Amino acid sequence: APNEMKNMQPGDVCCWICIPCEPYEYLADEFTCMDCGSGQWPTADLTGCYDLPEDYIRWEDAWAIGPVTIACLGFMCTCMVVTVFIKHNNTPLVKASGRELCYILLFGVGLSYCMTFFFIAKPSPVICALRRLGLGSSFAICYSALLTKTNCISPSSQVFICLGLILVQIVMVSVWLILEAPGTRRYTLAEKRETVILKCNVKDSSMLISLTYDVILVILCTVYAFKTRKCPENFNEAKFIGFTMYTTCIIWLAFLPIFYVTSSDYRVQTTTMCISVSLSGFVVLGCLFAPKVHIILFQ
Amino acid sequence: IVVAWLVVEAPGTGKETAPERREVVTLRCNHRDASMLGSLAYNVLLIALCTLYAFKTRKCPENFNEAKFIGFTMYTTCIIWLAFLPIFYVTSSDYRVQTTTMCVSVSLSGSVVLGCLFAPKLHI
Amino acid sequence: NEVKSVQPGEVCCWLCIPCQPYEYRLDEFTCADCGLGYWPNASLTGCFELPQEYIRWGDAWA
Ligand SMILES: CCCCCCCCCCCCCCCC(=O)OC[C@H](COP(=O)(O)OCCN)OC(=O)CCCCCCCCCCCCCCC
Ligand SMILES: CC(C)CCC[C@@H](C)[C@H]1CC[C@H]2[C@@H]3CC=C4C[C@@H](O)CC[C@]4(C)[C@H]3CC[C@]12C
Ligand SMILES: CC(C)CCC[C@@H](C)[C@H]1CC[C@H]2[C@@H]3CC=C4C[C@@H](O)CC[C@]4(C)[C@H]3CC[C@]12C
Ligand SMILES: CC(C)CCC[C@@H](C)[C@H]1CC[C@H]2[C@@H]3CC=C4C[C@@H](O)CC[C@]4(C)[C@H]3CC[C@]12C
Ligand SMILES: CCCCn1ccc(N2CCC(c3ccccc3)CC2)c(Cl)c1=O
Numbered sequence: 514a515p516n517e518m519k520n521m522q523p524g525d526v527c528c529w530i531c532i533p534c535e536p537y538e539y540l541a542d543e544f545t546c547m548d549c550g551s552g553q554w555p556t557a558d559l560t561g562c563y564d565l566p567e568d569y570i571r572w573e574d575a576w577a578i579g580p581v582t583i584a585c586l587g588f589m590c591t592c593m594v595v596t597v598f599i600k601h602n603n604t605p606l607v608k609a610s611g612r613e614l615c616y617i618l619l620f621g622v623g624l625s626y627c628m629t630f631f632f633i634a635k636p637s638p639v640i641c642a643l644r645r646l647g648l649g650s651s652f653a654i655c656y657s658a659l660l661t662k663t664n665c666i684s685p686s687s688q689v690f691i692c693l694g695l696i697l698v699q700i701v702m703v704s705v706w707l708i709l710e711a712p713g714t715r716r717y718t719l720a721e722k723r724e725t726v727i728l729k730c731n732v733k734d735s736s737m738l739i740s741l742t743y744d745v746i747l748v749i750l751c752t753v754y755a756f757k758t759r760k761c762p763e764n765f766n767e768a769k770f771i772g773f774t775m776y777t778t779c780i781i782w783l784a785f786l787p788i789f790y791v792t793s794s795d796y797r798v799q800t801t802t803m804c805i806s807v808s809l810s811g812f813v814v815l816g817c818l819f820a821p822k823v824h825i826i827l828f829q
Numbered sequence: 693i694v695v696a697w698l699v700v701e702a703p704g705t706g707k708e709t710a711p712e713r714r715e716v717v718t719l720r721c722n723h724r725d726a727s728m729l730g731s732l733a734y735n736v737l738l739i740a741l742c743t744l745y746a747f748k749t750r751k752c753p754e755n756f757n758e759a760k761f762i763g764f765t766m767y768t769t770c771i772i773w774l775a776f777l778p779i780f781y782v783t784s785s786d787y788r789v790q791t792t793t794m795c796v797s798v799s800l801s802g803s804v805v806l807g808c809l810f811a812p813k814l815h816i
Numbered sequence: 507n508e509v510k511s512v513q514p515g516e517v518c519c520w521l522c523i524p525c526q527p528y529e530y531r532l533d534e535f536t537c538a539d540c541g542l543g544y545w546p547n548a549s550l551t552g553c554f555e556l557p558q559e560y561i562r563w564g565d566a567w568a
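Chain order of the listed sequences is A, F and Y.
Residues 514 to 666, 684 to 829 (PDB author numbering) are what the first sequence spells out, left to right.
Quick note: the second sequence uses PDB author numbering, first residue 693, plus one each step.
Quick note: the third sequence uses PDB author numbering, first residue 507, plus one each step.
FYI, nobody ran anything at the bench for these hints, they're computed from the structure.
Virtual Cβ for every residue (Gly too), placed ideally from N, Cα, C.
Errors might be hidden in some of the hints.
[Said to hold, decoys possible] Straight-line distance between alpha carbons at most 30 Å, and here's what the computed DSSO-like set of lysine-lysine pairs gives: (1) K510(Y) to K519(A); (2) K757(A) to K822(A); (3) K748(F) to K760(A); (4) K769(A) to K760(F); (5) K822(A) to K760(F); (6) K760(F) to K608(A); (7) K733(A) to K608(A); (8) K769(A) to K635(A); (9) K822(A) to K760(A); (10) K769(A) to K813(F); (11) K822(A) to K608(A); (12) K707(F) to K760(A).
[Unchecked claim] Here chain F is said to cover these stretches of chain Y; the calculated rule only asks that three of the stretch's residues, wherever they fall, bring their Cβ under 8 Å from a Cβ of chain F: (13) 537 to 549; (14) 553 to 566.
[Unchecked claim] With beta-carbon atoms standing in for the labels, derived distance ranges: (15) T705(F) to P514(Y): 41 to 49 Å; (16) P514(Y) to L777(F): 54 to 62 Å; (17) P514(Y) to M794(F): 53 to 61 Å; (18) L806(F) to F828(A): 32 to 40 Å; (19) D568(A) to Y767(F): 37 to 45 Å; (20) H815(F) to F554(Y): 56 to 64 Å; (21) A575(A) to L806(F): 22 to 30 Å; (22) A702(F) to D539(Y): 29 to 37 Å; (23) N757(F) to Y616(A): 31 to 39 Å; (24) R797(A) to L800(F): 24 to 32 Å; (25) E529(Y) to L709(A): 49 to 57 Å; (26) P711(F) to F535(Y): 26 to 34 Å; (27) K760(A) to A726(F): 24 to 32 Å; (28) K635(A) to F554(Y): 45 to 53 Å.
Whole structure, please, built from the sequences with the hints as guidance.
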């Protein structure tokens, strides 16, 4: 049979012995077994490799069921928080200290909630560029708002300095994107030629350094919160911001080694990113607004 | 409960083989790592009860109040284990990595428990 | 080593080909597999293996 099984002649043309070659190698000639391009599987007739469709994307399945449910739960939670803030907190002086800052922080948290939807979607150069820019933008918004909260413990100047701290990170992200936005290419895995994974080939290490620049920002915010937690701002929120800072420090220090270890598996890439973003959003929203809504409902 | 799980099974340590790796052979326990899911659930319920009771000792004097030092510990342990689980799933190298990961996780959990509970008391 | 010689067409010469590396029991005309957990690399005609999971007091990871 010619089913990926070639024949050698021992000492005469009339006599040949048939031996199967590698299953991923096709018959260029009757007496030759040769490999073909990566991501292509040999055809049944063993005449030419056909390109395997890129169906290994992170499609909606049991693995994807968790992130979307967590995303919609977070969307409901942040919508409830926003409507409580805009309903029974605009006129009272409770929310007057950081109204606009809390609103823009909530917007950043909502964009971070959309970030798991950006991650789960199929890779494409435009969506890859948008995801890469947002991954810095949303967290920069959130932690610039947190840092301005720490510095508060004048509003126009604080808003302007927060906008400047956002814009410098935006410019850095823009230059990183003009470096290599698309990044889209095929991925080849050794000893796993049967499966071809379609994903954005932007460096996971480069995304790691972008996240660690934002982590240096996180650490600056956390040390500022630890320094300023001693004297409350008459509303007992400096300690709450400090606790949020330490919990986010814990989350990131967990997230960095696990990502470094599991850089191999693309499914775990898609899952851990979403899990960490959702956990950070949940914990910040809780630790910074649950006592607020509690005292609002008590009053 | 763990003895009831232990009595049914038995120590069956022996060599194991892999179809994709025949040049190297390793031996380990005959019980899967998922066998202690019942113990994990029991510990999760214990942690939940501890958090619930800590939510009730809130209005207590500073000496008797620890609702800002044991609530962190439960969350820290949960983060530790929810980060150890994906590493265990992805590594799958029975020779070294699981032993090191479990030992590091247990040691760091003990360290964070000590630091959150008694280190403030030692400082005083 | 790792090559088995077979001469079906004639006795004058043989077209030796390398078979699977995990089968080295005979290695005179055909290569045969060995038992599970036994690498056939002892004295070029036998199977041997070494114990693992003995990294106690190991500098690499312990
Ligand atoms: C979804 C992921 C996480 C979501 C939210 C996480 C909750 C906070 C994270 C860290 C805990 C510190 C509490 C903030 C301190 C504060 O500000 O106050 C602390 C308040 C009350 O103390 P007090 O009023 O006397 O003030 C103290 C002044 N220093 O809490 C409590 O003790 C109430 C009892 C605990 C109830 C929730 C604790 C949750 C821990 C485990 C939950 C499982 C999550 C699983 C995640 C994988
Ligand atoms: C005690 C509560 C708060 C823990 C919540 C944990 C949530 C956020 C996460 C942590 C680990 C996650 C699991 C990790 C891996 C898998 C296997 C996959 O095939 C289906 C989803 C599933 C089963 C995930 C479901 C969601 C999950 C359980
Ligand atoms: C408290 C948090 C950080 C705990 C997170 C889980 C634990 C188990 C993590 C923290 C750092 C991790 C290590 C970081 C780096 C490496 C090197 C790599 O070549 C093998 C895995 C190994 C050795 C990791 C094993 C798992 C590990 C020990
Ligand atoms: C496990 C998943 C679903 C997350 C749930 C987190 C919930 C249970 C946590 C997160 C933050 C927590 C709040 C943090 C701080 C305070 C202020 C304190 O004076 C009374 C309790 C109160 C108001 C906590 C109630 C419980 C709380 C809202
Ligand atoms: C939140 C409570 C923490 C205490 N804790 C933590 C883990 C724990 N394991 C049982 C199952 C675990 C595990 C199971 C399956 C895959 C990977 C890992 C590994 C070890 C116990 Cl038995 C415990 O008691």
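Tested hints:
no.	hint	verdict
1	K510(Y) to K519(A)	holds (18 Å)
2	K757(A) to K822(A)	holds (23 Å)
3	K748(F) to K760(A)	holds (25 Å)
4	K769(A) to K760(F)	holds (11 Å)
5	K822(A) to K760(F)	holds (18 Å)
6	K760(F) to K608(A)	holds (25 Å)
7	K733(A) to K608(A)	violated (42 Å)
8	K769(A) to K635(A)	violated (41 Å)
9	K822(A) to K760(A)	holds (20 Å)
10	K769(A) to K813(F)	holds (20 Å)
11	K822(A) to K608(A)	holds (9 Å)
12	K707(F) to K760(A)	violated (58 Å)
13	537 to 549	holds (count 3)
14	553 to 566	holds (count 6)
15	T705(F) to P514(Y): 41 to 49 Å	holds (47 Å)
16	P514(Y) to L777(F): 54 to 62 Å	holds (56 Å)
17	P514(Y) to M794(F): 53 to 61 Å	holds (56 Å)
18	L806(F) to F828(A): 32 to 40 Å	holds (36 Å)
19	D568(A) to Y767(F): 37 to 45 Å	holds (39 Å)
20	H815(F) to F554(Y): 56 to 64 Å	holds (59 Å)
21	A575(A) to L806(F): 22 to 30 Å	violated (39 Å)
22	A702(F) to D539(Y): 29 to 37 Å	holds (31 Å)
23	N757(F) to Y616(A): 31 to 39 Å	holds (34 Å)
24	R797(A) to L800(F): 24 to 32 Å	holds (27 Å)
25	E529(Y) to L709(A): 49 to 57 Å	holds (52 Å)
26	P711(F) to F535(Y): 26 to 34 Å	holds (27 Å)
27	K760(A) to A726(F): 24 to 32 Å	violated (47 Å)
28	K635(A) to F554(Y): 45 to 53 Å	holds (51 Å)
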